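Just the one chain here, the form deposited in one PDB entry, laid out as structure tokens.
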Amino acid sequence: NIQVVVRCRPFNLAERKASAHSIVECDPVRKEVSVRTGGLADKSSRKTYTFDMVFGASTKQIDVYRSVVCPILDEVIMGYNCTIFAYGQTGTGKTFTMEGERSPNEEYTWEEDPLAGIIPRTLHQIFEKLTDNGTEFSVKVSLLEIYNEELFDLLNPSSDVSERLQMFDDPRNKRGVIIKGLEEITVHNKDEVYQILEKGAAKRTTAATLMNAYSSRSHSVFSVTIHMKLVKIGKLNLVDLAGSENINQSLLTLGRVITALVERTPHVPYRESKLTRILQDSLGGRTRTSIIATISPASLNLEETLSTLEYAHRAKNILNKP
């Protein structure tokens, strides 16, 4: 049963200057979000949904990590496969949630930065857990991106981002695919990390000057494979999806895969897109998923917010087999 959580961000300045009202209420204890749908017309209308965890505008980066990821990180160290993806409207915080930011000036080190998000926190903590256990581990990471249904490789040594990968069926495996051409960097220890992400960032920046609406329109899959010793392999995909408001084929297919999965029909159209193929095992496969849905408090965003909470809620019905 894929775990589904909801995080809502603080108003931004733009919103504040617009005198925006909040339409969203977060009750952690009841694990409920409930939205105020009636406007000036009906003041009592509300839509209310129940999720596995709920995180409010107040919620800090460390709280998301603590609640969502450690339980997750603990089953990859046990040799099981774990996806976490971020779903929602452009502007609502899925990048801030999977990656995070760096606090102005210095004031902090990437390892301790408050605005640090999941990927930095997970990577960083995969050694302090495995190093302190004094066992054998090798961790490697890869980061690709889907745009207009073409795969690009942000970690590749090639100096040019626009060189495209290709995908074929794993010669031995049913639900997996192989990405032909995809660089996988070995990460030897904590101090190699920032360096890699900083390079991924730079290539990502170039990608944005090259392609239209690259940030909002593109999917990003950061994978982390861990090797342990009989040997055990843990593997964690951290997926930051394109905006849900939205060439978009991978997003459609994603909907249709879910929708087919919960209505239980015979052919789930995984194949009909790139993302659903890379991610096939994460939807009704043997991977243990989570979906952090991402929403905004403002009244302006109401229609989109329900749309998210609706979509995210159905997903609670999808059943895996780890």
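Positions refer to the first chain, counted from 1. Here, rigid core means the biggest group of C-alpha atoms that superpose within 1.5 Å across both forms. First, how it differs from the form deposited in another entry.
- Of the residues 77, 211, 182, 146, exactly one exceeds or equals a 2 Å C-alpha shift between these two forms once the rigid core is aligned, and that residue is 211.
- Residue displacement note: residue 288 has its CA displaced by at least 2 Å between these two forms (rigid core superposed).
- For residue 258, the Cα coordinates differ by 2 angstroms or more between these two forms after the core has been superposed.
- Residue displacement note: residue 239 has its CA displaced by under 2 Å between these two forms (rigid core superposed).
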Given for the second form:
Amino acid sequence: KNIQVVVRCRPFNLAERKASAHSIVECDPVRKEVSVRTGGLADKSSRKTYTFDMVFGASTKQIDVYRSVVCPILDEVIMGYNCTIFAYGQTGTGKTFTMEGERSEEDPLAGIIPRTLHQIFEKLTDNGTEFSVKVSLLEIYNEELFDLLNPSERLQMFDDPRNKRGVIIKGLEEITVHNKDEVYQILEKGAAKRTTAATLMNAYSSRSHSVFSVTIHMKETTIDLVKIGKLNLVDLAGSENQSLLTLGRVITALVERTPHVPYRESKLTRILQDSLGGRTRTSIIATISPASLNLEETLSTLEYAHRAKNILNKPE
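Having seen the form deposited in one PDB entry, can you show the form deposited in another entry?
Next comes a single chain, given without company.
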């Protein structure tokens, strides 16, 4: 199916160890099942089991998330389509770790954004396509758009007369990427602007949607195609506002194929409408904690993910 919903459980954090939290999550990648103990350790009946397209346990490496989730989407983007990958879940559960990763050929801790830019340059260089890569990074905080790549303030959004499904975010910085490695410089500039916004506007990353958009202009010739590909890598606000519920309803409507998809009822869904309403690949990575301490927010994340795409539990 075009809409893929997957769950990634992170390892325990130090806060969870110090709080004497217990492990309440069991990840079965084979059966694509997540089970959460809501009762005693001898109360096996009081488990809630959820089924998804894929389940990544705490030991899952960055490269393995990339290969399973991103590779099929990037293939579609290179064919000249507009696709979106979301990271959804509680602050601290690994949305940013999944979407960007860390540093401290590819860094093993590299997330989807750096790996995607690496693979674009590798694949398009390898098959001799004529291509250019530009990237934008904007933040949505309190329903206002902030440009994280403008080296100089809210962005204005209006309808694209060329496309009913499109918007124009006027003056949005689109940085040309010249090499595979330049993504890290761009991410550093973004993080510096993100920090400035947190200090002065209280625009905390955990309370903001981050939309990283890569656009690829391609011309492919064979002796015997003009393509535009777009990938939106969306690091959502912590799931612990109305925009997340609107996104939920937009995804459910696309899975169940109902006539009315409420793109217009949030800035998030309006901005991504062109990359959602095209029979395109979309993936949601729901990130969760394994710890008893975060039971309520883990269950809320799994309920959200289940409501987005209802997959039935199979018999054991």
